[PDB]
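Only one chain is included here, represented as structure tokens and corresponding to the form solved without the ligand.
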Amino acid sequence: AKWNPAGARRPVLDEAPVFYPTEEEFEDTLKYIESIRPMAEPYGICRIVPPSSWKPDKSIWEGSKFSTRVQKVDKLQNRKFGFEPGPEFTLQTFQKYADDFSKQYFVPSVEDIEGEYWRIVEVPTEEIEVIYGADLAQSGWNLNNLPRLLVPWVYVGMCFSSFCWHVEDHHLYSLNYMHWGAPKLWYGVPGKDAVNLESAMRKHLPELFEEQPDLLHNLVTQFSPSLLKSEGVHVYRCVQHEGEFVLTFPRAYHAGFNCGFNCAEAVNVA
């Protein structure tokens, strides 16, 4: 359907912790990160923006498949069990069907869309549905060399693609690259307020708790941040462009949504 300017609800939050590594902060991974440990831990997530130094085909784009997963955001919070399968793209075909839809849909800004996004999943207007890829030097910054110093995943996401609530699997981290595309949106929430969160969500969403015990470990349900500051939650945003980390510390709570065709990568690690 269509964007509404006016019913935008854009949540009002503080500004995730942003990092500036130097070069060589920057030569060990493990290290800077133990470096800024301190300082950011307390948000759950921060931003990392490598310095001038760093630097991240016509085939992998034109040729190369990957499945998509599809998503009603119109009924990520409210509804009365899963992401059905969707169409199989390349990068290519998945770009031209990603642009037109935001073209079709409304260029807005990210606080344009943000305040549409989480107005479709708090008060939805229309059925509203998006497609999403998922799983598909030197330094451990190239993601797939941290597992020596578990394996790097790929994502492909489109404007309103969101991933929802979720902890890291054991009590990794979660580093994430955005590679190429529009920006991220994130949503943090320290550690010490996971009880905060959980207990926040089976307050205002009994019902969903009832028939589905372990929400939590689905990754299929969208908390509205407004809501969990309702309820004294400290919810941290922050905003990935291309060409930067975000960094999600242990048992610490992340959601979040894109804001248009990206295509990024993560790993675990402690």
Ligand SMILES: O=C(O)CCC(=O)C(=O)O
Contents of the next structure:
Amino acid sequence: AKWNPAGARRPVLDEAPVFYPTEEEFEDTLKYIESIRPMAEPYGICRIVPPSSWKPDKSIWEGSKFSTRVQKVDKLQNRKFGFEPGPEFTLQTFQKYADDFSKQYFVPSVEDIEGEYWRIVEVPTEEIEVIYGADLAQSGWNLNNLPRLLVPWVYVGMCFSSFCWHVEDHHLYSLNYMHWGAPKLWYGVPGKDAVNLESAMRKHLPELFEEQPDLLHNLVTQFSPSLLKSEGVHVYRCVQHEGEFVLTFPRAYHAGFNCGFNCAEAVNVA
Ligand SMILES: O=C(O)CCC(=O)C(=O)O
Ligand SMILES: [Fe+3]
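Starting from the form solved without the ligand shown above, please give the structure in the form solved in complex with the ligand.
Full complex below, order starting with the chain above.
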């Protein structure tokens, strides 16, 4: 359908911490991580901007194919059993599709998009669907090297495509790098608040748990940070741009969505 600027329901949240490692600190991923852990841990999420040094093909772009899942954004939180399959794309074709979706729906700022996104999930006025592809030097920052010192997965997102609330498989971290494209909005909740979040969800969305007692492992439910906040849950926003990492901590709840066509890669680790 279309944007509705005056119906924006943008969450009012504290920012998660940002880290600007120096070239030295940056030569050992695992170590730098341990080093920021004490200050970042209490937020459950943090963002990491690589130093100037750090730098990260036509026929992959044009040729390599992947499949997608369909998401009904208006039904991620409010509904009376998830993401059906969608068409096959290439990056090239996905982008043309993604860009057109946005151009028609709306150039908005991130807060414009964020305000609309939560409007769509908290108070939708129209069905709205969206597609995404998921699970497709020398240093651990090149995520293919980290299992060494579990494998890296790739994610193609578009405006409004979502990763719904969850905690990583075990007590695992996850490290996420944004290769190219539009910003990814993240919401993070500290490990010590896992209880408050699940109980907040059970409280407000009782019906669902009834009919899917295992919601929390299904990755199929978005839940407003404003509602979390009302219940005393600490939620920290962060905005990941192209070329940046987002670090997720053990037992830390996290969710978000994309502000447009983008491509990102993530791995778990302890
Ligand atoms: O962005 C996604 O679709 C995946 C989210 C996730 O599970 C993670 O990497 O922490
Ligand atoms: Fe995750």
